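Below, in structure tokens: the form deposited in one PDB entry, a single chain.
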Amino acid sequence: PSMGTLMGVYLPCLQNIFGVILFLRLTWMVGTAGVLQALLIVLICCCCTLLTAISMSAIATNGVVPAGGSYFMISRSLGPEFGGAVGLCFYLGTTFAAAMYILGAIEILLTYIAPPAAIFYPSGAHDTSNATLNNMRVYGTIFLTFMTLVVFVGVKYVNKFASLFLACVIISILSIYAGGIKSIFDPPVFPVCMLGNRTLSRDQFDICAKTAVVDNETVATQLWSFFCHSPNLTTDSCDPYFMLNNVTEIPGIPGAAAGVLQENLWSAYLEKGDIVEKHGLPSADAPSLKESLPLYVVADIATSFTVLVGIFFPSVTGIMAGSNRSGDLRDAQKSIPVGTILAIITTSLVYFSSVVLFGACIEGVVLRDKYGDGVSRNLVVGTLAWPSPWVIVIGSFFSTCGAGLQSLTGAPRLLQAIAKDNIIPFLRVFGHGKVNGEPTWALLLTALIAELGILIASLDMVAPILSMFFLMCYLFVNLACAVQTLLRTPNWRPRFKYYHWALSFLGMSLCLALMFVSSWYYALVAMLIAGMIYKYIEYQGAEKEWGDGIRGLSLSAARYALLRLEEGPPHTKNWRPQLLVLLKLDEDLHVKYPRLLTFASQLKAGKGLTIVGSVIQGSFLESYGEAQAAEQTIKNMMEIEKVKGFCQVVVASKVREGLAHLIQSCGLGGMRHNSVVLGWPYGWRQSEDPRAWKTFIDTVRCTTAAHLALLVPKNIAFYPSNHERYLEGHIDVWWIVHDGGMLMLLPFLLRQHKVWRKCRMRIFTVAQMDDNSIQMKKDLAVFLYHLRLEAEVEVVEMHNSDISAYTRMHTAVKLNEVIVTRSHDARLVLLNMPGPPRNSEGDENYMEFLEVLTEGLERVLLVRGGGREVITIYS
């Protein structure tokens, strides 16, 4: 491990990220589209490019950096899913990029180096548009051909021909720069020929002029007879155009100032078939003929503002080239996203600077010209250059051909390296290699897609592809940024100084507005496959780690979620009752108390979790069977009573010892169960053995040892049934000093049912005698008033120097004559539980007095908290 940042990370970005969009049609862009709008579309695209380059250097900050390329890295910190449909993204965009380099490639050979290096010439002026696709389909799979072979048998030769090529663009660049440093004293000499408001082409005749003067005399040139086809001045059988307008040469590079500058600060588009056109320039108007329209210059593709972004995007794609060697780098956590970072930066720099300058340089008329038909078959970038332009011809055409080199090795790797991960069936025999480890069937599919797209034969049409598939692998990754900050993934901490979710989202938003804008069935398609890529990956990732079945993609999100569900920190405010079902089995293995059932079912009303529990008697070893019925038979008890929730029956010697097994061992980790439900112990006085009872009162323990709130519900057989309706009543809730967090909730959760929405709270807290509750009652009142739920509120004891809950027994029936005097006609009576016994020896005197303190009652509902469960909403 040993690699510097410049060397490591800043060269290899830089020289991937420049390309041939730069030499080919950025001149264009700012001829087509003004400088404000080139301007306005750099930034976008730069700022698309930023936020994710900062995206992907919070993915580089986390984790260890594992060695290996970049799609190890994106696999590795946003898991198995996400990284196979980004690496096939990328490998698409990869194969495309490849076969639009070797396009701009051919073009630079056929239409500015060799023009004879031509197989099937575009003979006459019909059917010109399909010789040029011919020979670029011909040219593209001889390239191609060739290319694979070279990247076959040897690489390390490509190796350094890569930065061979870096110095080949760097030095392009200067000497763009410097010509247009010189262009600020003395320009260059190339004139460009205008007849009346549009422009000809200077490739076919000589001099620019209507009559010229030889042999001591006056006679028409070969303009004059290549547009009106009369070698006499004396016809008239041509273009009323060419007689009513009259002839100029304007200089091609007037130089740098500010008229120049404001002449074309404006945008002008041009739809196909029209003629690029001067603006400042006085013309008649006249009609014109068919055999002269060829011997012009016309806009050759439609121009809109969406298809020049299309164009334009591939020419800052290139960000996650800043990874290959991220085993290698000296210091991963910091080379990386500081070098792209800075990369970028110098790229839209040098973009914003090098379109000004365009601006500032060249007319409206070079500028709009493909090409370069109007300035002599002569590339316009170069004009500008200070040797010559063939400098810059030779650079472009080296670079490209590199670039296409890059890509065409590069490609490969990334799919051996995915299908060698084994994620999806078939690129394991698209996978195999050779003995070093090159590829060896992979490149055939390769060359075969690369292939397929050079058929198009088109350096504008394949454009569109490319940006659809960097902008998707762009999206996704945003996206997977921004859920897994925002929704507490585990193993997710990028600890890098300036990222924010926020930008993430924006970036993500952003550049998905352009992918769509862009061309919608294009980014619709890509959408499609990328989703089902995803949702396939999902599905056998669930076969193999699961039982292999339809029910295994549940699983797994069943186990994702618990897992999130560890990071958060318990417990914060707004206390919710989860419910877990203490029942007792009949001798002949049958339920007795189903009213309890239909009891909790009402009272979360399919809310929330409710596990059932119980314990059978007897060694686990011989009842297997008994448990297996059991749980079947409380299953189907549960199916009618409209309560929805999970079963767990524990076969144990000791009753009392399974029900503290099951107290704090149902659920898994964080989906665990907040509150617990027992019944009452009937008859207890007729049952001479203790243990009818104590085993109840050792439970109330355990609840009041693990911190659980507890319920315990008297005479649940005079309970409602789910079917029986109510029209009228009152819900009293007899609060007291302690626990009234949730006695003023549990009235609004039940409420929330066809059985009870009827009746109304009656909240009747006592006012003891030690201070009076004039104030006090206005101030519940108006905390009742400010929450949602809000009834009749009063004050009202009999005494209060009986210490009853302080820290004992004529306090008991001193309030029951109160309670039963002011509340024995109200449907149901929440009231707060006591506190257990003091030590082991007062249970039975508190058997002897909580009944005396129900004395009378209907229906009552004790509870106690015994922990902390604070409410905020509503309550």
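Numbering follows the first chain given and starts at 1. In this text, the rigid core denotes the largest set of C-alpha atoms whose superposition between the two forms falls within 1.5 Å. Compared with the form deposited in another entry:
- The one residue among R788, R488, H500, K544 whose Cα position changes by 2 Å or more between these two forms, with the core held fixed by superposition, is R788.
- Annotation: Cα of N800 displaced by at least 2 Å between these two forms, core superposition.
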Given for the second form:
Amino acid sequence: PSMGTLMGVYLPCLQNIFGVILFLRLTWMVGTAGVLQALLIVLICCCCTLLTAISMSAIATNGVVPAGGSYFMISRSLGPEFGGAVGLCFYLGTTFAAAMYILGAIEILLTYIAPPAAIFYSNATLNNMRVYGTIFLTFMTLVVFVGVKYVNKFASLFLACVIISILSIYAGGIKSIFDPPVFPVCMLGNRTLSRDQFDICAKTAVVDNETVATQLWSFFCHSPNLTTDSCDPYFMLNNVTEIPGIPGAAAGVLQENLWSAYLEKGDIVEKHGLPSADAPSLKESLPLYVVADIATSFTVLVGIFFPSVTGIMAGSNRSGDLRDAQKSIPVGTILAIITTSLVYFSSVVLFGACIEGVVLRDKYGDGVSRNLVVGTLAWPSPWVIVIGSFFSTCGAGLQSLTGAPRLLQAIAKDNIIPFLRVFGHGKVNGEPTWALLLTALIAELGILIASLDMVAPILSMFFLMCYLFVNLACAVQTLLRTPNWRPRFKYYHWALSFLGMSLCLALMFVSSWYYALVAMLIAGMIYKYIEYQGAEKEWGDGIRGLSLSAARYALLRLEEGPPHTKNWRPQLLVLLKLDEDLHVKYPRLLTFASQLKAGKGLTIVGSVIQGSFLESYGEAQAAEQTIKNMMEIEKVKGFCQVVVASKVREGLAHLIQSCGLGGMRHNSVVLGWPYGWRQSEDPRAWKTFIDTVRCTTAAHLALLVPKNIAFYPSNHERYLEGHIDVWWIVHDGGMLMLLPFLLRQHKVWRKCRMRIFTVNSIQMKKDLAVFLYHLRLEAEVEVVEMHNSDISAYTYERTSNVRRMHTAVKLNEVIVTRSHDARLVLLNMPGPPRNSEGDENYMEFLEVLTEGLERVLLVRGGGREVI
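Can you now output the form deposited in another entry? The one shown was the form deposited in one PDB entry.
Partners and other molecules have been left off, which leaves just the chain.
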């Protein structure tokens, strides 16, 4: 399968864009709104479609392109929810478009081709439209049922007819510039008379050597004798002129019809710039003037014109039979859009500058003798545009009735929405069976309105909803960094899709707010229903399934990307120690964690249970429930893991290195202090502690070792007088300065004074102060003398056993004489020794250091802390 860009993307998109709105409703729109506002309408309606084409190209380039059609790409690149919601709005738009094309062909048949055939001679026109539209819809449905092959064969002919029509229009204009046609329109003062009835527009004619009243007189004056004075004042007071209706292109005409002329329902189409002496008038004369049919505005014209720029999704419709789709879909679509936009602009200016401003406003060509107003300027004859538009409308109706059921069948066989499974019951060949009937029924329900000017806004609403959803999906997926979404289009940026969504939403609300609300509610309902059904199909439950799907999506999206945050906040893993009877030994660790997190962040609570898994599952479940209850009491929102190991050491290690799912990992381990390690003889008291410390420093995790956890305050407790003391010695400054702030952020330490003690002094104070300004703690800074010999233990261990104890006891003396009355004391601990045997000496160091302090918390940095 291989066909080029032109005959694969360009010509189908062109054939789908050029429609009936141009012939039947371009001149009327231009005359009612002027040339300027018409150009503005065309620009506004082309910008939304151009931004949507850019977003569609960004969709069509990422990855491989599915070979099914234009609905499979959207789904594959935006998810079943979005794609399903988009597909239904597009289906409804297409079926209503079929209805509109049938209505247009009926109007062209009953008004210009053969008026005598109308059955009903107000509401007679509406009933004729209803009857003939129903007959046409039935026959077209039968044709599509039996003869799809001939339609696909003859589809080129309709495009040939459209192109020949446009060429003839432009040839007629260019011939108009130097030698225009003749189409006299008659005038009464500054009113417009219907030339259909009268033989000639003249008050009196000379027959048999004398003057006699003409048909215009007998129609306006009921008396057939000139010597009468019982007629309306407007006829006798004003003259009767015959101005040419097609003045050749000039700068005087384009200057005349350049400003808006919005009429009201029932008003008279008047030629601004003719002498008129006002006077009352009878009520038997109104059937002789041309009348405005519907109320005209700006939003009305926007709504009526928009369905003439839709069809940009028809270019990416032979995706399977394409040579290189990534390079052939976007360029073809955008070139088709540009060609259509330039043709519309040129045609607006040409109509404005070539035709009278009073014959453009005859929606049905009443001033002229019931001709196609746009067909008046055409070189060969006004008969080429009539037949051309008739065949174009028939072909567009046939193609819409062919392409809507196929899309419905695709959506039904995709098994997204479950209640429309029957609509996928295709024939033996694949041609839909019970989707054609539903489509014909919806098209009939649309035909029953029987007025293009009322069917067009619904069509516009559905297509605008589809475009808005495509744009919004693209922008959001680009912003939030979805895992499988990376488009390769060059001229693409999420700002463009966002602007397109905004513009098409503005249009959707300008046309009719209530229709837009109904469309938005339908779209939201289908989106949520697709999401719920997908959740129930993946997991098993509806609501819990929704939560599981949201969690999985967030974790998967969070997986990709740089795994480092610009800031550092403690996300703890509280290693609780269960008793022999499975009771929490130190329930104050959970309280302290709740005070340090304040209910925001991640807090996992692990614990190891010695034994064997094969025979100890119930114990694990019971302990998990116990920890969950104890954790609910202390008001800390977190998860709870319980593992059953053979030795507690390896259980602790596995718990430290494996807790979380992907990016939701901990980065801080808060373990308690071993009590009675030197009292008892069992050496294992302090080996587990040292091993967990060494295992949490090799994973680059922070460390919080709250000593004397039995004296820490509870949540009901409150502090009124007291001062936190910080004793940052050398390293770990960031966290030593960030912990007391996050601590005092709690009501228990809501107003505890902070004092920063740091073992040129003025320069150091200035730096600490400038750093504190960003934090805003403003705690008093007191820098005591720094003796390198005393601090040689921290410097030597980071980057002499007898000396170690000396320095630790001198440091302890200083801290206990200058910080004894402190509420909470925070100081950083030195790293454990490299030699696995000096652990006793390291423990003695750590014990003699914090001698006397009532409550002391030791923090060890991980090294990856930034702030």
